[PDB]
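Following the hints, position chain B against chain A.
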Amino acid sequence: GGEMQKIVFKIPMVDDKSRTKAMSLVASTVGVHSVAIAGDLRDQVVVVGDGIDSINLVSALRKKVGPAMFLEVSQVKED
Amino acid sequence: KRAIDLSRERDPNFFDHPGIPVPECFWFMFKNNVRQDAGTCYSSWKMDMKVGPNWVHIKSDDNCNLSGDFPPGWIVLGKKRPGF
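Protein chains in written order, with PDB author numbering: chain A, 186 to 264; chain B, 30 to 82, 83C, 84 to 113.
Next up, chain A with everything else stripped away, as it sits in the complex:
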């Protein structure tokens, strides 16, 4: 498929339940290959995949997990 995408969100997350919900929601999104929680505060949600509708994904995160913001949009360096 295409060169992969990397999308990072910042989502204030009260605890590990919130984190678990975010990871489950993201993992169930079309195009997602992997997702992790990262960052100094454990509030960076790092998403990798191909053909992710980041529009819809941010909306879903805002409804179900918390006040998500984009931090980064980039392509994976594959070569």
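Hints were generated in silico from the structure; no laboratory data involved.
By construction, the Cβ of each residue, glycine as well, lies at the ideal position given by its N, Cα and C atoms.
Treat the hints with care, as some may be off.
[Claimed, not checked] Heads up, simulated DSS-like pairs for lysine-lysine below, C-alpha to C-alpha not over 27 Å straight-line:
id : chain 1 : residue 1 : chain 2 : residue 2
1  : A       : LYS249    : B       : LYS79
2  : A       : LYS262    : B       : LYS30
3  : A       : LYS262    : B       : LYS109
4  : B       : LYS60     : B       : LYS108
5  : A       : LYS262    : B       : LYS79
6  : A       : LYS206    : A       : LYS195
7  : A       : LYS195    : A       : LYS262
8  : A       : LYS206    : B       : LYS79
9  : B       : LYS79     : B       : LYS30
10 : B       : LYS88     : B       : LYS60
11 : B       : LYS108    : A       : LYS262
12 : B       : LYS79     : A       : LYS248
13 : A       : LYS195    : B       : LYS30
14 : B       : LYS60     : B       : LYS109
15 : B       : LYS75     : A       : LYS195
16 : B       : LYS60     : A       : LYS249
17 : B       : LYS108    : B       : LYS30
18 : B       : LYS109    : B       : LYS88
19 : A       : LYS262    : B       : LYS88
20 : A       : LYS262    : B       : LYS75
21 : B       : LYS108    : A       : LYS195
22 : B       : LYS88     : B       : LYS75
23 : B       : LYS60     : B       : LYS75
24 : A       : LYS195    : B       : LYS109
25 : A       : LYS195    : B       : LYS79
26 : A       : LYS195    : A       : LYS248
[Stated by the list, open to error] Computed, partial: chain A to chain B, Cβ under 8 Å:
id : residue
27 : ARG204
28 : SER213
29 : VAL215
30 : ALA223
31 : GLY224
32 : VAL231
33 : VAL233
34 : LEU256
35 : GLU257
36 : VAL258
37 : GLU263
Here is chain B on its own, set in the frame of chain A:
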């Protein structure tokens, strides 16, 4: 309260995703010398990042030096990870 010193910064809290190449650089974002967050990124590459109030196109060179139009008070600094 120290001046920015990457030699004294703890590493980012990162995750290397298994299906893609390991990124070569650590990045660290500061606002008036206070660490805001940190992560990983590729060398010899590019990304768009939210730095304080603004989206910034950030380029990395082969030694993980980061460049871009950072807004006042803010900086994103890079360094090579061990073994890269």
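Hint numbers the structure violates, sorted upward?
Numbers 2, 16, 27, 28 and 29, in rising order.
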